[PDB]
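Now for the letters of each chain:
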Amino acid sequence: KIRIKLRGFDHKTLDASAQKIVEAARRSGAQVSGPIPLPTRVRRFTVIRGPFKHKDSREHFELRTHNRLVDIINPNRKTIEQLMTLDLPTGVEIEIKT
Amino acid sequence: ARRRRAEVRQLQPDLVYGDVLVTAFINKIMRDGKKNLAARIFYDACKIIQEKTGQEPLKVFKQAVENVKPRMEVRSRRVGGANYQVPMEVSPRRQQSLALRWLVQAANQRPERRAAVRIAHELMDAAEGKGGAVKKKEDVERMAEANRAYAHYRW
Amino acid sequence: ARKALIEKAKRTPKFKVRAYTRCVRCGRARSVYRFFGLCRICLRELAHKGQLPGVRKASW
Amino acid sequence: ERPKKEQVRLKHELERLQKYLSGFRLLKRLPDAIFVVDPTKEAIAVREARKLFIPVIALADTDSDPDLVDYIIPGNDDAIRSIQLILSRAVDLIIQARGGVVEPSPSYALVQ
Amino acid sequence: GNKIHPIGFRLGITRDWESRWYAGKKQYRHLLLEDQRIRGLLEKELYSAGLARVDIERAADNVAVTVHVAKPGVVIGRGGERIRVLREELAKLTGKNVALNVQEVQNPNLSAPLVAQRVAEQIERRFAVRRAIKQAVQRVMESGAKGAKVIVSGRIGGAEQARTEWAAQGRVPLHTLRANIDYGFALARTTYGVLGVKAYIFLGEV
Amino acid sequence: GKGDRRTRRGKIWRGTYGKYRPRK
RNA sequence: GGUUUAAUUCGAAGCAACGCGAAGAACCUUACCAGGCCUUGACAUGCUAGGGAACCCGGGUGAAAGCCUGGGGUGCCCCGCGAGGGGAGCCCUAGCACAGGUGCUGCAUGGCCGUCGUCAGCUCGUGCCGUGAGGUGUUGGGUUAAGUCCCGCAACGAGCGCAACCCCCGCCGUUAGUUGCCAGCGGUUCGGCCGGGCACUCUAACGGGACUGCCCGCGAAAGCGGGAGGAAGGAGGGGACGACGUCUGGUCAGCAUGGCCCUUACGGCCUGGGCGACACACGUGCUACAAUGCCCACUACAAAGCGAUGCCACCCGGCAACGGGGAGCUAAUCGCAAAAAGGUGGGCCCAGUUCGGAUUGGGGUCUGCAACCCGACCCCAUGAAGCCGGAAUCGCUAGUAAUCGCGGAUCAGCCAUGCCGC
RNA sequence: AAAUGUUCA
Ligand SMILES: [Mg+2]
Ligand SMILES: [Mg+2]
Ligand SMILES: [Mg+2]
Ligand SMILES: [Mg+2]
Ligand SMILES: [Mg+2]
Ligand SMILES: [Mg+2]
Ligand SMILES: [Mg+2]
Ligand SMILES: [Mg+2]
Ligand SMILES: [Mg+2]
Ligand SMILES: [Mg+2]
Ligand SMILES: [Mg+2]
Ligand SMILES: [Mg+2]
Ligand SMILES: [Mg+2]
Ligand SMILES: [Mg+2]
Ligand SMILES: [Mg+2]
Ligand SMILES: [Mg+2]
Ligand SMILES: [Mg+2]
Ligand SMILES: [Mg+2]
Ligand SMILES: [Mg+2]
Ligand SMILES: [Mg+2]
Ligand SMILES: [Mg+2]
Ligand SMILES: [Mg+2]
Ligand SMILES: [Mg+2]
Ligand SMILES: [Mg+2]
Ligand SMILES: [Mg+2]
Ligand SMILES: [Mg+2]
Ligand SMILES: [Mg+2]
Ligand SMILES: [Mg+2]
Ligand SMILES: [Mg+2]
Ligand SMILES: [Mg+2]
Ligand SMILES: [Mg+2]
Ligand SMILES: [Mg+2]
Ligand SMILES: [Mg+2]
Ligand SMILES: [Mg+2]
Ligand SMILES: [Mg+2]
Ligand SMILES: [Mg+2]
Ligand SMILES: [Mg+2]
Ligand SMILES: [Mg+2]
Ligand SMILES: [Mg+2]
Ligand SMILES: [Zn+2]
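Protein chains in written order, with UniProt numbering: chain W, 3 to 100; chain V, 2 to 156; chain X, 2 to 61; chain C, 129 to 240; chain P, 2 to 207; chain A, 2 to 25.
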């Protein structure tokens, strides 16, 4: 019960809050199946380096979107007021699915 | 190769008869990385050397390989605006390399419609005596002879 | 003919087939990635400045 | 810690410094006089010294410019026997002019 | 015709992002537009205060916006006001509540964007066709950097034949990832045309 | 046959399906 | 390229222009042409005065644009009553100051790029040499992928480069269990599907491992040769990264910018055309000429990516393309998939063929207002040149070449046989 | 023992 998925471009600030949420939920009862690392979606862009005309020669780019999963098996009112208020996301986004 | 001497790739022994050869050959039979279909063609080549002779493939094989490999050849020396054929012996490595090349080469020259039959039949003629490959080998032989006069300078 | 066009595109003026993508930084018509709304000259110009969230030199 | 890669790079370095330094490290604002054995052999040394108005006291022999020498010790420049004697007495004179003293520092090498 | 942006080359490491904030392929595109027009008005109105780097963070659908200026008094003053307006304009062009925090610079001439400017104004002020450069680098070095570089390109002194003058002093390994070299681009608009100034400042390492 | 629309290969190549390459 | 054309748009020009800008030309895009229209203008900042003013729906004309015409409205403010009157956006006309130019110059420029060249080089500080330009250092021997290192030496050091620091791949560990599995027993509608389980695999996070460390040999040393151990060595395999500079290199048509130039037009709008022309030349490619091949049925084994007015299972009509229905899927949970070459069975029997598919007629489908110029698919019927290519000429040293298929950006659709990737 | 093998801001 209460599955929480968190995505991020930075894998550090992600795993960061990823645990911060875990360490929290436990700190109120409720079991929590550790943050599992779901596969990454890589989005790349290949552009001509030059503005004019030099088709051979380009620069690759990628926007790696990281995903982490965290399940708290048996929640309760205590494991809500925390994970429904107490935050810390700046470059990370979480979706709560009950 | 400016730095130093090449280095020959060691081939994987044959799964059937084993032997470093057979693969070398099979590798020459093959095209487009389309092996299997090539290794097969070679084994398939028994029908014609098996019950067609009863001598044992591998043994005949190794006998053709020996009769179709050259012992001398002509190259081409960069003389001042001359460019001559010039004799020169042949390396053990080139002998085998050349021998297997012409074998398959001469093999796909024959009129039979089926590949498995072209080889083997060519291996057989070659096995001893004639064979398009042996003829090719007998010519590179002539050159080195027909130009024994330009042997005075060998590189 | 730039300004006249950059805006001529911002507007809806009939049908949906006549509409088209065009760089949000420069007026660029071709080579604009819809994920950024940027043309490939700008995409690089900004990527190097670290102004495109996430996004960095590839290498694999 | 320092990556073993540099460890050699550095320890290999002081080795050439220690080899090309172990001795000249006692210098403190140029010397008041240079003592060379073979002026001709150490021409460079003489030139530099002489350029800086430093006295030059060498012990060369037939085959060197005695004019470039402010205090000559005309004598053999090759035989260990000859060098050792002259340096020995020079140094003895040095200490004696400051403070004892003997005995005869281990100079003898093997003399054949 | 070569050399990649010293910044974009480090990003992931050594350097950071000028604007960090996740986004969905459904919003990202947009969220980006705002960032750009938010840095837009701030590049013109805060030019006077010598601003270098406009960090933009986005949390619960918000907007941080941190301006690192060499003179925080230019955006606020010697008392307390002004800015109060900028905050109103940032929302005037963005139907959002955008914060706006000022910042300072440990040392104004230890920041590439700033150094490759200020004196590189002396160029639009018809002066120092060179020494302006040699002067900057000294200031950087003097301020304890480990190496600095400045390059001016264009109709220097107003000439007809475009030229290129660069500094020279301290370490500046553009090939080292763990370097941490700052980089800033000028652009001097003159009666005789555009002149580009590049400043490189090598700070610490490892 | 890659350019022969009326065949297996022909279809695969063109990136289409039909009487000669049914959608399974 | 050239030649045509009302226009066929502009640039790029040996290598380093020519599947290049173009990562998507039917109208849009477009910069070109013809014709019809608008001028403070499609939009920016403001100032004056009549007035009107947020907005929304029609009629006429027309190809559209445009022009003409008729329908309707005060939260703000004064206590001033209100119907007298001022005012804020804001909308309009008219005038003013200005807008716009993809018009020119890369030989006035910035910025970015190409290129020599990932070549191993290019310099500086003090010292010494020479009247001086300059030299030495950095000439020499050996060694290296390398100005890498070693040994020499009037030089001793240092910087920009090389290397290393960053990513990927190779072996293993720790953390982690809606992917994985009888791996172990259990039940099974015999699908890990259900309890159950983290061991495998895997996903991903920061760690371990390698360095000529060890043995033998040569050597002055650097290093070279060889052997052991090891997943891996002697830079383990790839990336990213391209020094002072050279090309008056490339781009004023991405952008920016000095100067020159046009402002009832060299600006703006619209419909239609054109950029798709065709006696010819060249570049890059695709499909081939076939039996190691082709065709058909059946049956396997990937990776990397992409998806909500999107990917679209599964049904059903149709021979098809598609069309109706319609589940799941905010997607390691659904699907685009199925990979192809392979394997197995059958067919073809050396022929311009069951090789090859051009071309042409005809009948349909789908996107879009619209597919005459000019789209892509499907089906029937045609079925061309080609059975191996002159002088010449290109690519590649290994999981490379060769060959087979898959994905993506752009994108309604697609002229992609291109490109970046697997 | 390279037969020869021109020109151009
Ligand atoms: Mg190309
Ligand atoms: Mg379109
Ligand atoms: Mg056919
Ligand atoms: Mg043209
Ligand atoms: Mg032009
Ligand atoms: Mg257009
Ligand atoms: Mg058009
Ligand atoms: Mg038009
Ligand atoms: Mg021009
Ligand atoms: Mg130019
Ligand atoms: Mg130029
Ligand atoms: Mg330029
Ligand atoms: Mg190299
Ligand atoms: Mg002289
Ligand atoms: Mg002098
Ligand atoms: Mg010098
Ligand atoms: Mg010097
Ligand atoms: Mg020199
Ligand atoms: Mg070096
Ligand atoms: Mg030296
Ligand atoms: Mg393991
Ligand atoms: Mg593991
Ligand atoms: Mg490097
Ligand atoms: Mg040009
Ligand atoms: Mg321009
Ligand atoms: Mg057209
Ligand atoms: Mg065209
Ligand atoms: Mg046409
Ligand atoms: Mg081909
Ligand atoms: Mg049916
Ligand atoms: Mg068969
Ligand atoms: Mg059409
Ligand atoms: Mg036919
Ligand atoms: Mg014919
Ligand atoms: Mg034939
Ligand atoms: Mg190579
Ligand atoms: Mg498409
Ligand atoms: Mg067509
Ligand atoms: Mg003449
Ligand atoms: Zn742009």
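No wet-lab data here; the hints were simulated from the structure. Where a beta carbon is used, it is the ideal one built from N, C-alpha and C, also for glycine. Just to be clear, a hint being listed does not mean it is correct.
[What the hints assert, rightly or not] Taking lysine to any residue pairs in the SDA-like style, the calculated list, with each CA pair at most 20 Å apart, reads:
(1) P:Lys27 <-> W:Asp12
(2) X:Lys58 <-> W:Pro53
(3) X:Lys50 <-> P:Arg85
(4) X:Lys50 <-> P:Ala169
[As the list claims (entries may be wrong)] So the derived list for chain W, only partly shown, Cβ under 10 Å to chain P, looks like this:
(5) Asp17
(6) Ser30
(7) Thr92
A quick look at each hint next to the structure:
no.	hint	in the structure
1	P:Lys27 <-> W:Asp12	19 Å, holds
2	X:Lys58 <-> W:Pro53	18 Å, holds
3	X:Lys50 <-> P:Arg85	29 Å, violated
4	X:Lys50 <-> P:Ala169	24 Å, violated
5	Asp17	14 Å, violated
6	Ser30	22 Å, violated
7	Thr92	5 Å, holds
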